[PDB]
Each structure stands twice: as C-alpha cells, then as structure tokens.
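> If you want the building blocks of each chain, they are given just below.
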Amino acid sequence: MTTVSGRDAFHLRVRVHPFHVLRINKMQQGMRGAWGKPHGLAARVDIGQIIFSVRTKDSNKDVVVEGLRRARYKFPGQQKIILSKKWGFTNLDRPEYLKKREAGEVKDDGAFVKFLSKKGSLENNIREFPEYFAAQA
Amino acid sequence: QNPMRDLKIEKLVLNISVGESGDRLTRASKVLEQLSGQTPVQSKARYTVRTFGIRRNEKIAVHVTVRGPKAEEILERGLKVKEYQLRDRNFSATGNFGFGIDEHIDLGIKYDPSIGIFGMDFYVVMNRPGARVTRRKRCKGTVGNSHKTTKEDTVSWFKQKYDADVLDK
Amino acid sequence: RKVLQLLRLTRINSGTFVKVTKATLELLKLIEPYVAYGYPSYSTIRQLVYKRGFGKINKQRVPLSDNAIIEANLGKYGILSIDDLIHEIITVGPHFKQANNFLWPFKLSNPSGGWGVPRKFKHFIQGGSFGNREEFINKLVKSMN
Amino acid sequence: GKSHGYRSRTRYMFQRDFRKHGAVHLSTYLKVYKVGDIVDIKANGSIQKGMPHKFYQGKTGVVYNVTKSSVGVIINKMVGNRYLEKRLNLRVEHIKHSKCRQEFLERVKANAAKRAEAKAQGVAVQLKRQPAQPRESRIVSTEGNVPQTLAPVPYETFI
Amino acid sequence: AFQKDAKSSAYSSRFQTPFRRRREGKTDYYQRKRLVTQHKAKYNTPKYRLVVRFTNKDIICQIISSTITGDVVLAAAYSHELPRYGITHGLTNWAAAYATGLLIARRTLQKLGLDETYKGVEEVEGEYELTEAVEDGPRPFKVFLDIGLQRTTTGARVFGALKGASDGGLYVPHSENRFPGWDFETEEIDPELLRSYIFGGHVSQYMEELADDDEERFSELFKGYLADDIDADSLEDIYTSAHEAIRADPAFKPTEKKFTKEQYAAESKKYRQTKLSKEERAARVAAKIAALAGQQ
RNA sequence: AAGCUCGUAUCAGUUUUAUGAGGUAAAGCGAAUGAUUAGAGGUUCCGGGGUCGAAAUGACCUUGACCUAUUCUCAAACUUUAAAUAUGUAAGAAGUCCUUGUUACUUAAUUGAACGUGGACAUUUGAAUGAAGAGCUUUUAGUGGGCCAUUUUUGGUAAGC
RNA sequence: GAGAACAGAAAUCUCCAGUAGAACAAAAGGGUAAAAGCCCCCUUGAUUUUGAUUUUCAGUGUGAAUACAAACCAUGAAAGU
RNA sequence: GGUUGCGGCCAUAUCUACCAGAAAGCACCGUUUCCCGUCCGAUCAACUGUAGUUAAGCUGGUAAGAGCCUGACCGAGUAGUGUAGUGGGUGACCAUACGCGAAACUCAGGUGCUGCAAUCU
Ligand SMILES: [Mg+2]
Ligand SMILES: [Mg+2]
Ligand SMILES: [Mg+2]
Ligand SMILES: [Mg+2]
Ligand SMILES: [Mg+2]
Ligand SMILES: [Mg+2]
Ligand SMILES: [Mg+2]
Ligand SMILES: [Mg+2]
Ligand SMILES: [Mg+2]
Ligand SMILES: [Mg+2]
Ligand SMILES: [Mg+2]
Ligand SMILES: [Mg+2]
Ligand SMILES: [Mg+2]
Ligand SMILES: [Mg+2]
Ligand SMILES: [Mg+2]
Ligand SMILES: [Mg+2]
Ligand SMILES: [Mg+2]
Ligand SMILES: [Mg+2]
Ligand SMILES: [Mg+2]
Ligand SMILES: [Mg+2]
Ligand SMILES: [Mg+2]
Ligand SMILES: [Mg+2]
Ligand SMILES: [Mg+2]
Ligand SMILES: [Mg+2]
Ligand SMILES: [Mg+2]
Ligand SMILES: [Mg+2]
Ligand SMILES: [Mg+2]
Ligand SMILES: [Mg+2]
Ligand SMILES: [Mg+2]
Ligand SMILES: [Mg+2]
Ligand SMILES: [Mg+2]
Ligand SMILES: [Mg+2]
Ligand SMILES: [Mg+2]
Ligand SMILES: [Mg+2]
Ligand SMILES: [Mg+2]
Ligand SMILES: [Mg+2]
Ligand SMILES: [Mg+2]
Ligand SMILES: [Mg+2]
Ligand SMILES: [Mg+2]
Ligand SMILES: [Mg+2]
Ligand SMILES: [Mg+2]
Ligand SMILES: [Mg+2]
Ligand SMILES: [Mg+2]
Ligand SMILES: [Mg+2]
Ligand SMILES: [Mg+2]
Ligand SMILES: [Mg+2]
Ligand SMILES: [Mg+2]
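Protein chains in written order, with the entry's author numbering: chain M0, 76 to 102, 112 to 221; chain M1, 6 to 174; chain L7, 100 to 244; chain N1, 2 to 160; chain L5, 2 to 297.
Worth double-checking, as some hints may not be accurate.
[Stated by the list, open to error] What follows is a set of in silico ranges between Cβ atoms, one per label pair, in the way DEER data are often shown:
| hint | chain 1 | residue 1 | chain 2 | residue 2 | range |
| --- | --- | --- | --- | --- | --- |
| 1 | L5 | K224 | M1 | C144 | 23 to 33 angstroms |
| 2 | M0 | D193 | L5 | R152 | 49 to 59 angstroms |
| 3 | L5 | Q17 | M0 | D193 | 34 to 44 angstroms |
I should point out that these hints are in silico values taken from the structure, not numbers from a laboratory. Even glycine gets a Cβ: it sits at the ideal position worked out from N, Cα and C.
Turn these sequences into a full structure, and let the hints guide you.
What follows is the structure in structure tokens.
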C-alpha cells in the first residue's frame, strides 16, 4: 500500500486481536500430566468476521484491494475481500452519511466523528453542533 | 434572600502535631488545656514511618474543638498574631478556614520553661443555622445549595467583621 | 418410544386413529421421524374398518364381521353397527375415545405400489415418507390396506 | 483432589439478585404458614441459618411442622429407582407459598358455581377442561385487504 | 454540585436505593423486623407495639399492629389531648409523657373490655412494678415499646410514657434502669425521685429556683404559668387531677372539624402545581429552538 | 424363583394446562470487574524534561500520567440481560362448603392451632393418551476388566490415543 | 477533592463527595451499611439432658450442620437474640 | 387535596440544576436548674413553646437532563437451540425439513402507587 500509493494514502486497521493463548506439551515422563505451557497467541475468528479494514480515496480502490489480496497469502484458510457500502470506518452508507453531514448533525473528532442526537440536554446540545439549528447549510 | 441563613462559626479546632509521645506531647496537651478550658484529646499515629520516628498507635499529637463565644475569643486572639491578613487559599472550597501560628505565647498565655514553646494549627469550621439537619440522628438530610457555605461567602464574611485582609490572587 | 406406545403403534405398518388437539398434536410432533400420517377420507376409514377392523373384548381382538359384536361392547354409547362405528370415528363423536380405543390397532401390509421415494426416513416434504402428508395419506393407506 | 462440601457449586444459586441485596423486606415475615401448605423453596444467601441444601433449591414440598422461626417441609427425593421422604427444617426466608394450586382452587370454587348455577336452572354443564381445539371454518374478506404479493430477495452485502 | 464530583451513568445505574422509610431516615428496619415478627406457631396473633414518638412538642401514642398491606392503629393518644383534662402547659415534658401514656392505656383497655378489671396502680408512689395477671381471668393486654429512633438514656422521657401505660394497666414488659432516679453505682431505684418526675417535680423546683435568682428568664419561659396564675407548688395537684380526669373518661373526643374534607380539598388544590403534557413539553422545546438557535 | 393381598383398579422413561427453579448457548463491553487498538478534548501551586529568567504558588512549549465524551477488539475460572433441551409441584371423595365439641398448647379474649361430632353436592367428580391390571413380601444366581456410534465435551500436534 | 505552623510523596486537624470501590484470622466463592464492618459497655449459650433432621449415604458410620423439646444462664427499656 | 405518626411494595420513590409552597403539621429554633452524654449541650439528655424563621429540611413543579420503569410484527423469526437424512463439503464448516426462540439495537410512553390513625382553609 505505501510504496505504491504513499504512506498517507490510506488507513490500515487490523480488526482482530490475538487474545487466545496456545499451549504446548514440550519435551522420562510420557503422557502423565501433560498440561502445556503457553506457546504463542492467536485470534479466534468467524465466518464473515472482518480481519483487515482499510479506508482511502475511491481513486485508490485498486491499490488497496491489491494490498489485501497480497496479505491473503499470509493466512490459513480462505478469506475474501469486500467493497463496503459504508463511508470509511463509519457506520453509515455513503448517502446516509452525506445526508447527515451536509445537514448539520455531524461533527469532526480526532480520527472519528460525533453525531447530534435528539436526546438529552437541549442546552449543551446547542453548545456542540452549532452549525445545526437552522436546518439548511 | 437572607433572614436566618446568617453565618456563625460551627466550631474552632486547635491542633498540635508533635513528632512523638511522652513529655513533649503531654506538655503540648497542657497548653491546649489551659487555652481551651476543656480537656483535650490525643491522636495516635495511623501507621508507621520511621523517617518521622513514629510507630502505630503511638500518640503523636493533641487537639481540642471549641464552640460558642470561647471560639471567637481564641480565633480573634490568634487572628491578632496573624495581624488580620490571611490568604485566598486558607478558605476551603466548602467554606471553612484555617491558619497556623508558631509560638503559642504570641496570644496571651505567659511562658514557663517547663512547658516549652509550641506551634498551633487554628481551624475554623463555619456553617449557617439548621446545620442540624445533616448532623442529627433522625431524618438526616443535606443542606440545600442556597444554604451550603462557600468560599466566596466566608471570605466576604471574613473581610467584614474582624476587618482583616485576604491578600493574593 | 413411550409416545409410540401410548398411541399403540408398537410394530411397523400398524396404524391407529388420533383425534387432533394441542395435547395430542404435540405427541404427533414428537414421533414424526417414525410415522406417516394424514387426514383420512370417509372412503379409507370405511375400508379400514370393513376389512382390517377388530374389537378389543376382554382383550382377545375379535374380528368385526357381525354387528352384534359391536352393539355388545359399544352399544352403551349409542353405536350398534359397523357403520355406527365408522360414523363415530370420522365425525370425531362425543364418544370417540371409547369408539376408537375399541378398535384394535389396524395391521396393514407394506404398500403394494411401493413407497414413492427411494428413502423412507426423511420427511414427506423432503422427498421422504414421514410426517404429515395430509390428504396423501389415503393413497398410501389404501395401498397398504 | 476433588471437593464436595455443603454449598459447593452454588456460586450463582445462592447469589443475591441484581440490585436486591440487603434486609429482607418485612412481608417475608408477616406471611403465615400452616401444616399442609404447599411451599416452593429458594435459598436466600443473606440468611445463613436454617438454609436449604442446594438440591432442594427450586423444589416444592408440603408443610409438616411449624416452629418459632421455621417450618418443616417434606420433599420426596428420588434416590436410586425410588423416592424417599426427606424432612427439611427451613427458616421462613427460604420458603414461599406456592401458586402451583391457585388455578386448581380457583377452578373448584368456580366449578361449584357454574354447577349450582346450572343444576337449579335446567342442567347442561360441561366443566372438565379441554385442550386447544383446532380452529373452525372462517371466511376472510378481501374488501379493504387485497393480497400483497411478495417474492424472495437477492443476495446483498451491507458492511 | 462540584464538577469533578457528580455522578456517572454507571454509578446511578447500579445504585440500589434503600427502603423509602430509610431514605427518609424514619424507620429502623433492623429492629422493626425484630419488633413485629411473630412466633410462627402463633399464627395470626398480632404483635402490638406501643409506639411513642416526640415531635417538636407533641407526644404521640399509638398501639399498632402489623399487616402486609400496612400497619394498624388500635388506639391513639396525642399529648395535645391533655387540655381536655387539665393540662395546658409543658406537654412535651416527662409528666406529659406519663399522662399521655396513661391516657393510652386507659383508652384502649376501656374499648377492649379490661376496663373495669385491670386498673393498674391507682396510687402512684412510683414504686417499680408491671401489671400482674389477675387470678382466673383474662391475661392483660400485652404491648411492646416502640422507642423508634430515641436513644436509650437513663432519664429519657420515652420511658415516661412507658411508665403511665404500665401504671395504667397495660402489660408492657420493662426494667427500671432507665427511669429517672436510678443509681448508676448501685442497682437501686430511688422512687421518691421518680414520683417527682411523674408529677412534674423537676419542673416545679426549677420554677421555684427561678423565682428569686432571675425573673428576667422566669418570665421569658414560664411565661404562661404567670398568665394563668399557676406558680409552682400547685404543679402536682395539676397532674394528680389530670390522672383522675383521664381515668374518669378516656374515650377520645375527635375535633369538631368545621369545613368538610371536600373543602380542605379544593383550597389545598389552589396551591398544588399540576404536571405537564408531552404536547405541552414539546412546545417548550420547539419554542426554545425557535429562540436559542435561529441567531436570536 | 416362589408367591401373597386385591382388582377397575390403581397405574405411566408421554402430552397438555397452571405454577416454580436454573445462569449454560447466545449476547454484552460508548454496563461493574479484568483485558485491548487509536486518536480528540480537558486538568496540575504538583512526574520529569527544555526557552525566558534573581526567583515566582512564574508564563510559554513538551512528554508523561490522570479526567471527559468517543473508537477497534476479548473472557473456563467476567457480567446487566438471558434461551432451546433438560427439571420441582399441582389438575379433587384422602375433595369443597355449613353447624359448633376437645386441650394441659396458644391468644387480651373459647381467640387460635391441631383432631373431631352433625349437615349440603356424584361421576363432565373436574385435562390428554395409554394401561395383557395394580400393590406387596421373601429368598437367591451371575456381575462388579467393558467396548462402540451420533451429539455435548477435558487433556494431547495427534492417534485405531 | 479542597483546606491548616514546623510538615516534605507519607505524621496530626477539618470539611465535602463516597453502593462498599473496605473490612469481616485464613483459600476462594457467597453474604453484609442506623451491619455481619469500626469504637464502647455488660458477659460465658464455647453450658446441661436426651431425641428428630440436612449433606456425604447402603439412605451404615464418622465429620460438619439445621429446627425444636426439657433446663440453667447472658444481654437488652424491650421485642428479642 | 395538604400534613403528621406507623407502614406495604422498595428508583415511575434515586441522582443533577433551578423555581414555587396557603393553612395546619413537621422543622429549624431558645435554654441549662433537673435525669443524662460529651475533648465540645454539635450529637445525645432535660426545660420552655416562651423569644425568632420558611433560609434550610419536607412537599411539589421545571429539564429535546443522567438514571430507572413500561411497550412495540424496532431490530429478528436474527443469534442460539430439540429433532431428521447413505444431505453438501478434502476439511473447517454449511444448507435443508418439523419445531422452540433470545440479547443488544431502534422508536414511543411514563417518572411513585398505596394501607391504618390523627389533623388542616
Ligand atoms: Mg517410561
Ligand atoms: Mg511428551
Ligand atoms: Mg501442573
Ligand atoms: Mg488464505
Ligand atoms: Mg428566613
Ligand atoms: Mg519528631
Ligand atoms: Mg389415540
Ligand atoms: Mg395397486
Ligand atoms: Mg410389483
Ligand atoms: Mg401397477
Ligand atoms: Mg438407493
Ligand atoms: Mg392389498
Ligand atoms: Mg475441584
Ligand atoms: Mg443497601
Ligand atoms: Mg453459626
Ligand atoms: Mg467521578
Ligand atoms: Mg455515557
Ligand atoms: Mg436498636
Ligand atoms: Mg456454572
Ligand atoms: Mg459465550
Ligand atoms: Mg463471541
Ligand atoms: Mg447482552
Ligand atoms: Mg469491560
Ligand atoms: Mg458502535
Ligand atoms: Mg459465562
Ligand atoms: Mg416434565
Ligand atoms: Mg384406555
Ligand atoms: Mg386388564
Ligand atoms: Mg440378588
Ligand atoms: Mg449379589
Ligand atoms: Mg457380590
Ligand atoms: Mg473380574
Ligand atoms: Mg471471604
Ligand atoms: Mg439498625
Ligand atoms: Mg468447644
Ligand atoms: Mg462401620
Ligand atoms: Mg406556618
Ligand atoms: Mg453539667
Ligand atoms: Mg442546643
Ligand atoms: Mg434531646
Ligand atoms: Mg424556600
Ligand atoms: Mg422530615
Ligand atoms: Mg431521562
Ligand atoms: Mg438446533
Ligand atoms: Mg437413523
Ligand atoms: Mg451428518
Ligand atoms: Mg447461520
């Protein structure tokens, strides 16, 4: 990804943490009392479970997809790359996120984003998200 | 408003932290007794420190709480020593205040080389009437914000009667 | 197992009538892998009773074949002919319990035409033979009666 | 090696119910038991004296005795291929009256009614219970409600 | 309150609020449990408590029993009933406590039958005694002191009430070591002193000792005793008569009332805010984001 | 094996209805505990650095910790919630209602509690299905190396373990 | 958290917040807030007699435990324990 | 309807901020001879009900408030699960048939009900 499209082209997110410890019966005794010591770690992963997640400019699609393709070879067992309906790491499909943003409703935050809710204190809700409360641009 | 949400002194508590027990301490006791009238209480070390030279439950300090007229007499009398200037700290967020004075002689009280010289901790806890609500046995409740003592109100109160200064920022 | 006993089906290709309520419906549910069942028509209840129908009379299992055999044992409940019997069954009469228990479990032969299907122990719906197959129960039972 | 003490395995059994720790409310003590009352059993972990063993947790029994702070409950426990009679000295905090009969009792009281109400009219009763009958014929109308036709949907991925 | 204080979602979510009557600092359940519960082999037998409570100057006396729907007043006597009897001043005091206790005993014991039989000590030399069971006859009415939150000090007037209910005829099991005039340093009751409190001896001797050592104060408090020409000495005959009057007719006179419930109803509604409707509340939001938002 | 006492009777590796109990699967983690990736905004008379400095309970940068609202990820010995399968009791004559005897227990109390006497109502008498009947007693053999299959499942890389 | 001479990260004094995040000999899990934790006061029921009961179970023993009966006591104003 | 004393269920009663409360009641509040307890009459004890106050307690109302309670074909007949097959697949696993069926989510509605006795414009 970086050599082909630059170190700031994209955002790679390993979406899976190896929390499960693998045991080992290292080696007089035979099978007598054979409870392994820790050997290494591993993520336990599902069907449909996402493993890598990446965000870019649409105009980089291939470069990302070829990256995920090449990483595939690094793994046991079939995985398949999927183009998302969602806007980046957000929870929203590209239109719904556009409708919410080009409304008021959406506000920047470090890497992610915050959304105005109709719930809570009217007061400090008008604080945050000033560019709402007009209902246009 | 105010009618009866006045501003009294709940109590005055003097405190002598001594590094130790024995004579030096029991003398520091005597001071508080001849200065409170009341017979003072003794505090034991809460754990051990060894660079303070103190073993758990050693007796390490004495102190006394004084309430009503007696409290004002002493307050002023040390407030004298402190030339009626305190500091924007001193006054706690909850509205009490305290100050220290070394040399207890600097407020009436003669000398006696068999008693020595001690420094004191003065600490004034303030409240308004109806404090009882928090403190009584039945139907214990809490005082509402428009009654709770504050820093602002106590400094104001202070700056008035006594006619002392607050200093600093 | 237990259920198959309580419905008196303790050997292959034998059959009995069952009045449908929640409390038997569940029983049916419990034994679907092992049975084939459905809604029988007048025609197949008649020919079931006329040909393979036997009474339980101080046990023994006595052929029907004369009407006094029925009046004797079922007469207490109205019911004094082989057709009175059929009539009680099919209309699920007020006295269906007695009428139907009187009937000794029918004993069919294996189907003449065969089973349809190359494997019996899947559900009807999956190309098999077991379960509720509804009105298609008459085609079968006839081929076994 | 193994461990099999009295309250073994009971971590969450005797455990106390979310946000419901503390004093037991006073009605648990104003309740009143007589011999023959049917009671359900459940241990209150907060009351350590007079507590049922875990096997009797979830179990229903009949009262056979009443003492100052307790009731004696008989339970049939089946050990082997046979039941035996067990008598349980329980404190009132671990017992409650069972509802397992309220439908019966309610039904008798009412069965007595519908009967007298019938008898002294002109018979016709029918007061045994009956299972769910299959439903009857019915004519559903279209008027206001023509059938909407669905089909199955294609594969999609949203993610 | 203070910013860095205050509470989280978490905190309030997992909070187990106590019983109301504990949040109110009113009911000590630990003892209520132990006051109320009955021997399980005594079935529906109620466990009547004699509840004594001191307001800022009313004495309350109820005989109460328990019921899982709520408790139950058998009988009730408020020390403000003492004007009916010849007591007008100091009704928060020890002798009022006694009187009111006495009123409660007599009153119920009346409405219970044991009116004639079981009179208790008519004399009152304050000797120590509970009321003994008559020979072949009804056992007396048994009742237990619900001090409530009161501290138990040897002198408390909570036990003043106990004395008059038990001098009145109730069987209220009790010991002597919290009656005024109980010697700390010898298991011994001076009864010449407890007689003194019953009739209000400590109050009158005060009244005396002010009548020549300060009449600034003696007029301030003890005002009303002037206003009705009752100087000390008579304070015993006051209460000694109170006892007579009380015994002579305890049957509780309700107040003549005036104005119906329906009336106290309507006038009190005048000062009662009623809630709002969501439609109404919705209109307070919209209205707010009319103003606070659209650039003033 | 021998039977014995009875028999429409009482009986059930089953359903149904009513009423309990349970903390597994799943789920959860911008809910407690424990773990875990990322930033964003705060807060220091106060963890250390550095510029100004005579210092400052000095100001300005800075990295740490903490706090706030967010974000990716987890648990046999975590958890608010919480299944399916299994599981306790109940579905009447040993039942329901009236009248009012016994006692040394128990009540303030012939109040209660227990046990009763006298009277009112039959098989739609109180769900389903079945019942080559049900209950009971004595005595005695062999056996006390087990192995396999589906599913659940521990140790082991694994095993025809 | 905020406050008070020496006094410092940690001594002793005060106020505010505080669902237990503590303590309850010990392993761990339950349990507990006007307590079951902390301080004080009075004590020996850690006693006497002999049965029933629950767990383990053969429904033997042993250990441990539960609810009563008959005593004598302790404490508490008391209900009680 | 208010308020008190004793309650039952124990958050629709709790929490945060603010405002309002007539009458009675609670309350705060005065005092230190007496019983009683404290380093301290603050707590606790007693005495007055007199000398004062609705400031606090208490009660209620406000809040696109926190929390909590309820509901719904909101999500979802989803996850999971009892049962079947000489079903698919190298396996890992997965469909299908007859059944049972969550939790989160999302949206809406709500924010103490009530027993006994006394009292009150
Ligand atoms: Mg070897
Ligand atoms: Mg090896
Ligand atoms: Mg090992
Ligand atoms: Mg691969
Ligand atoms: Mg005022
Ligand atoms: Mg020193
Ligand atoms: Mg049948
Ligand atoms: Mg043919
Ligand atoms: Mg052929
Ligand atoms: Mg042919
Ligand atoms: Mg074939
Ligand atoms: Mg043929
Ligand atoms: Mg083990
Ligand atoms: Mg609690
Ligand atoms: Mg014990
Ligand atoms: Mg916080
Ligand atoms: Mg939050
Ligand atoms: Mg107590
Ligand atoms: Mg478990
Ligand atoms: Mg799981
Ligand atoms: Mg998972
Ligand atoms: Mg969940
Ligand atoms: Mg977590
Ligand atoms: Mg999310
Ligand atoms: Mg788990
Ligand atoms: Mg079952
Ligand atoms: Mg039959
Ligand atoms: Mg037979
Ligand atoms: Mg044998
Ligand atoms: Mg043998
Ligand atoms: Mg043998
Ligand atoms: Mg062998
Ligand atoms: Mg422990
Ligand atoms: Mg308590
Ligand atoms: Mg011993
Ligand atoms: Mg032996
Ligand atoms: Mg007023
Ligand atoms: Mg004194
Ligand atoms: Mg005072
Ligand atoms: Mg007092
Ligand atoms: Mg106000
Ligand atoms: Mg109050
Ligand atoms: Mg809310
Ligand atoms: Mg399944
Ligand atoms: Mg098979
Ligand atoms: Mg298979
Ligand atoms: Mg699936």
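> Compare the structure with each hint and give your call.
So, going through the hints one by one against the coordinates:
1. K224 (chain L5) with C144 (chain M1): 23 to 33 angstroms: Distance hint for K224 (chain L5), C144 (chain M1) holds at roughly 30 angstroms.
2. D193 (chain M0) with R152 (chain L5): 49 to 59 angstroms: Hint holds: Cβ distance 58 angstroms, inside 49 to 59 angstroms.
3. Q17 (chain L5) with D193 (chain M0): 34 to 44 angstroms: 35 angstroms, holds
Figure legend: structure checked against the earlier numbered hints; every hint is met.
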